[PDB]
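Make a model of the complete structure from these sequences and hints.
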Amino acid sequence: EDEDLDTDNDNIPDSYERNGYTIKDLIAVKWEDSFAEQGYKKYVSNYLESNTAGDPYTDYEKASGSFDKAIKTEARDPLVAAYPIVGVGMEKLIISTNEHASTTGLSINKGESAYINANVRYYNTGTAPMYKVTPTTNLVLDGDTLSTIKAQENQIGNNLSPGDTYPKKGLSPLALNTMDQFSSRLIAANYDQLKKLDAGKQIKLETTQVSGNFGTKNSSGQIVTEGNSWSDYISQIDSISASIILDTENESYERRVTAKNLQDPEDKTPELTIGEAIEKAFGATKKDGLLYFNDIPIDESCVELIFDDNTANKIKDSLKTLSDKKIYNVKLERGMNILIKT
Amino acid sequence: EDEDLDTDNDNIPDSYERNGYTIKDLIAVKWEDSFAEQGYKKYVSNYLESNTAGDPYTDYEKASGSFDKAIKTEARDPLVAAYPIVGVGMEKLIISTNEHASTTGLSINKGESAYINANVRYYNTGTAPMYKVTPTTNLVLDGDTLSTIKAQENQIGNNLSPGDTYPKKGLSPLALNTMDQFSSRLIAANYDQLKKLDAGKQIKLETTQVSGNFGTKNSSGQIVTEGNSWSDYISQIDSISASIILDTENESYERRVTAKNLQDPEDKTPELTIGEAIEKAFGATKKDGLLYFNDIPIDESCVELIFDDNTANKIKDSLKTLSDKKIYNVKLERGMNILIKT
Amino acid sequence: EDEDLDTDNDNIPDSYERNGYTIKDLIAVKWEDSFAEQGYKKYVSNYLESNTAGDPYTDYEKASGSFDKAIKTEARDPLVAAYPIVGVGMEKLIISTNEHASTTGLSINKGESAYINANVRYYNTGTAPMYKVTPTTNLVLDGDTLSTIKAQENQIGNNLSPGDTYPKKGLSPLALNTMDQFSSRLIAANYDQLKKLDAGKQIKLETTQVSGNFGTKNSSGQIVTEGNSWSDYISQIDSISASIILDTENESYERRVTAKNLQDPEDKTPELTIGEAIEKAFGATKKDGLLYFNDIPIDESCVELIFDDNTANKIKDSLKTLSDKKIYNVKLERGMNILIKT
Amino acid sequence: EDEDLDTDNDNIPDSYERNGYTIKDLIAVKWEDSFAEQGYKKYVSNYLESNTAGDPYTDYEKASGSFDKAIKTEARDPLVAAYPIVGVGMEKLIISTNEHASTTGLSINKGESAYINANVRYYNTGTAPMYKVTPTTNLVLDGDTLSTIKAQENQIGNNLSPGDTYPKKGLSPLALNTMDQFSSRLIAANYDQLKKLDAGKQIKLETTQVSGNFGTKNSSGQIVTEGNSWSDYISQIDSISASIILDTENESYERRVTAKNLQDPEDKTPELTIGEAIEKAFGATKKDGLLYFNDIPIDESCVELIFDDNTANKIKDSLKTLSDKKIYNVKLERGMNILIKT
Amino acid sequence: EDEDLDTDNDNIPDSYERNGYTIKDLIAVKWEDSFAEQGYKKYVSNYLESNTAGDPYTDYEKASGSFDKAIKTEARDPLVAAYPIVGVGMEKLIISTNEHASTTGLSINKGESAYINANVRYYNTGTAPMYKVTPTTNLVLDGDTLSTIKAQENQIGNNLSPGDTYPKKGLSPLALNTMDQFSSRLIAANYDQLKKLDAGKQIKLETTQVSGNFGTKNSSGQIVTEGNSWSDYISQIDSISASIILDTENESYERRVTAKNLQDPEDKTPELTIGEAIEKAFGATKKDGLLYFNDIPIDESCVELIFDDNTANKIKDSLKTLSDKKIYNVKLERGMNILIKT
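Protein chains in written order, with the deposited numbering: chain D, 215 to 317, 377 to 615; chain E, 215 to 317, 377 to 615; chain F, 215 to 317, 377 to 615; chain G, 215 to 317, 377 to 615; chain C, 215 to 317, 377 to 615.
For the record, the hints were derived by calculation from the structure and aren't laboratory data. Be aware that a few hints might be false.
Since the list gives no way to pick out one identical chain from another, each pair is judged satisfied if it fits inside one copy or across any two copies.
As the list claims (entries may be wrong) - Within a straight-line C-alpha distance of at most 16 angstroms, the following computed EDC-like cross-link-like pairs (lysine to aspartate or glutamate) qualify:
1. 587 / 606
2. 383 / 313
3. 533 / 606
4. 423 / 453
5. 306 / 417
6. 238 / 540
7. 541 / 239
8. 614 / 581
9. 255 / 537
See below:
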């Protein structure tokens, strides 16, 4: 009954955070099943923790709506993890060749003769914005693993809205050829690697890491992104949560949802199943008693649940005890990943 | 009746911010319909929020007039959004070619032989000033997507008054050729791209982002623009508001006006219609019971409401229920845009 | 009667700042018409504002004289605005040509062959000093709009007294050829622009902006110019005040004085007319019941009041209702400008 | 009688600072004419000001002797101004010519062929030390106004005692050729300006400004010169005081002494006359009832009081009313200057 | 009798600092002549000053022994001044000449052809250490006054013990050829100055100034040398003290001892005599009723008191009134200097 006693100092009780609860007028309301039709929802969380997943907001601050505005409405639930991830796309790699007087002809230096140039474009898929992007990307020549570069002081960009490109849709890509104000590097073994680049235009561009920022909110301390860094939360998140990826023919989505280790006798997060988790992640609800999208179904005759080895072997080891034989009705796995092709 | 009880600690009551209200002698006055003729106006705002739109001032601070002086009088209302946006214009791109001894002639380096130079000019259209401008702009060569640059330490400029150019009217434009004190880059493939520049002078300049500052005001802490940054508010604003653009033959204006999501049962901003919102944005009032400008009519036989697809399809999907058939009398769409040609 | 009740916390009452007042022995004295002959003057200001013009000093602190000492005695009145503006003059542009072995002769590089050099001199005309000057200036070649530069670390200068040059009168000008420790730039298209400079010595120098500092004063916090900046007050000032320029055959003057918008029901600055405003700006008083200078008459038979379009059209639109037909006796215009030739 | 009531919070009374006073045992003693023979002196100052002249110390702090020790004993009186000024002397300008293979001979670059070098030496004449000197000096070629330079990071120097040189007497001068670690500049138009330097060795060196620091003293906060800049007091001083220059055939002296504007009805500094002020500045006293030096007479048969125009015209305009006809017995002029040649 | 009343807040009484006193167990003991044989000594100081000499420690803190440990035992007395001074010695100047292809031979650049290199060594003679040394030294070519340089970041050094070299005895000297990571400068007029260096190896190395640090001591704020600078105490010291230089055939010492001006009626330091001051500076005592060194007599038949002009003329001007005719028994001179050759 909790007797209105808090154990975390997170302004929320611990039977409220044990049974179902929701939030009205910035005050913890207990629960009644009536106001589900009113438009409200239900939440459960960790009554012993100041913040369930790793993400830097507390349980009440994520559940109310006084944390940000730009973050999508799915992230107001304490099970999901409000954190973004950005991908870099490449095109139009151009070159300039043979520095002095050619396209050897006695005045072509085997180093520093053909400078490189690439065009890229960032895009964010996830749940949150990042008010700065510094990605480090590297280039590879069909298995030769050539130079790596940081974003310099003029390709850093700025705030990155959810589901958007870095140049907003209808603009030309971003140019890249620098190593701190130094035109970058010859495709190295000159009369060899340029002739590899003759019929072997396989300059592949990979991303390794990005770094960004977020924002905290007060009244007097209004909004600051000066030192709030995102590079020291991914290790906290990914060693707890599991990953869920959905994709249509025109969009993509990735989410990180938490779980529980069964061996630890002192974890107090609620249990889950993946048929509840795909509902809890997105805006997907039930349209005929089974899980549907905004306009699409997601059911067993419509899923293409493409697993991998660490997920498939554990589900094939644990799909023997139950008799209902439902893949959606299994306990989560701390570290798993799931693909929903459609 | 609210019993003089504040719920946000924003020095304003919550029936005052629920019904109509205005501000006299820096004190919240309730409302009387008499003094509209006196010169006063009416306001309404969000009784649960410390700041209605995303912009960094509060409800009372925007409604009174003790926030700035340079901001135009339309922004003193808590529904509009006091934030600016700057455009860059280009002209007069000049070149210097063929470095050593020509206009190949055996001494023309295939990289770094024709340095580029552009002339630019900023302008601000919106509602607010920005006390610093760092725009990042890129150049594109009829679909070749060439280099991008930040404004250096000597092209940054200074305070930018609303509706003005960066060099005030009657001055020459700005020169641009730098990559941190390095003359920029050859039009890359020398004997190819210069001959593309022979008959193909299509060096298009595009803007990608800008960054600036604003100003907070105290008595002892008078005016500071040292750390107040504008790059961490656009993501908060644009994921809430809608956009409205007006343009005559000699000027242009763009505004951001807020709205409400109907599915969210804990939003407490008032509702709107676009026929009220075009009046609420500008200094436009009614001159014959219908909306007029300073000296211009803006009515259904004079508007050119040129939509786009996401606005036109939703208004054509929701123009079936009502019987009056008025495009001005519809609920707003959180994310829509509107062009009003004249 | 005000009952000695302050509404701004600016240590001055609000019938004192409503009727006339003056200041004796650092105490607000009410007003009496007797001691005008004594040497005292009269002031009136905004009883609802902590600083009635934009300038960073308060009403009392500007009215007393415990703010600075180098500021001219006209600025002790709350109607005028104590802020300076500096103009740069150019002369003696010299060159150095044709870098390797000439005055083409086969060893002249089409970029980087003739470095430029200009001589400049600052001066201040206005009401205040500026303890640092960083002007950004650009050069133009008969409508070609060439490079722009910031004052470097060795050409910034120092404190700049009112009505003085930057090198005090009787010294040679300043030399300018830098782009951060890099001899400047060739007059670009070498064998073209040097031959334009043959008979076309039209290198015009233009100013775009300056930046400086000011000084606040305490006893324990004596005088600091390290954090104070002037680039965040001009937008506040110029969107309020009007401008007045006077010039004899040997000097020049420009001032910024305030006004009121008539539509706003909650502004509380007193009214004005230009016939009292030219008196209130300068040290000009009446010598025969009409406005005279230090030794010069300034009256309708001596003025050459050269307007512009926004001033002339409004004065010819509003010079119909009155019957006295006096241009000096009109309400001010918020944004106007006035030249007084003599 | 002042009733021991202070009006400035400067620990000194206000009839004490109205009549004569002096300071014994760090306590304000009133005045009695007996102890003038004891070795004491008399002072009078501004009972409404925390510091009379611009200089950063207060009235009591200058009158006692607990402010510094290196400042000369004339400055312990609240009428004089304790501030220094430094002059730069030039000699021995040397050159290095014709960079590649000469003293044109087909390999002499018309820019950057003959680097310059000058020898300088600072000296201070005035009343105070400066613990750092950064002078900006420029060079001129018989009316061509060549480059200007700041003192770099290794020609700054250190503390500068009053009446001394920067290298103490018996050392070689300072070498100067840098523009931030870059050998300076060719005497520009090479085959022209070197031949101007053939018979026209007229490289004149001029000073424009200097910058330095001073020292404040506490017990716990002992002595700091970190931020106490001198560049923000000269504008306060020179718009109040007048200047007095004395010179023998082996030394020089310059001082700044305060005054009063007669039109201002609320200034409260004492009056003066120049025959009192020349005694009040220096250690000069009366040896036969008339002003003498340490060993020299300064009287009407010994002065060579060389005025300028703004001093001569005002003294010839105001030497008519009095009947005694004494130039020493006139009221001071706020802005005047005086040369006492001997 | 002083009634145990302090006037400076320096924890010491003011008859104790008026008569003789000594410090036992960190408590001010009054005096009695008995404990002179015990090993104790006598001190007297300025009862009106918080620190009698210029040096940054107080009277009590210098008299006790709780200030530092590396400072020599002579400096524990408030008459002497604990500050060091460092001399630079030079040897082994080497060269590297004629850069391209020679020892003119058509390929010797008249600038930048023979880089210079010197060997230096610091030493300290005085009373204190300095935990950092940055000396600026200049070079002169037989009266041509060549370049000057600061010690760079790799030649600064570290803590410098009293009476030691900078490399401790038995190490090679320091190499010097830099102007901020730039091999320094040709001996300028190449084919002239190298031939001056043929038979004219007169590269004299002079020192001009140094800069260093010191150390303050607390328990919680244990030892800091971060901002404690020595460049702002020499002007305070040298305008008060006189200088005394002693030298054997194998060592040298210099000291700065305070004095008193007679014309100032409010100085309160005790008087001195030079025969007492030579004893009070060093560890010299009396061995036969006359002053002896550690093992050396220093008396009138052993001194070689080599004066200079300002000392000799004043002692020959004031050696007439007294009848005993003793040069050791004269009042000190504020500004004098004294050499004791032995």
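Hint check results:
no. : hint      : verdict
1   : 587 / 606 : within (9 angstroms within a copy, 42 angstroms between copies)
2   : 383 / 313 : both (10 angstroms within a copy, 5 angstroms between copies)
3   : 533 / 606 : within (8 angstroms within a copy, 39 angstroms between copies)
4   : 423 / 453 : both (9 angstroms within a copy, 14 angstroms between copies)
5   : 306 / 417 : between (20 angstroms within a copy, 8 angstroms between copies)
6   : 238 / 540 : between (28 angstroms within a copy, 11 angstroms between copies)
7   : 541 / 239 : between (27 angstroms within a copy, 10 angstroms between copies)
8   : 614 / 581 : within (13 angstroms within a copy, 31 angstroms between copies)
9   : 255 / 537 : between (30 angstroms within a copy, 10 angstroms between copies)
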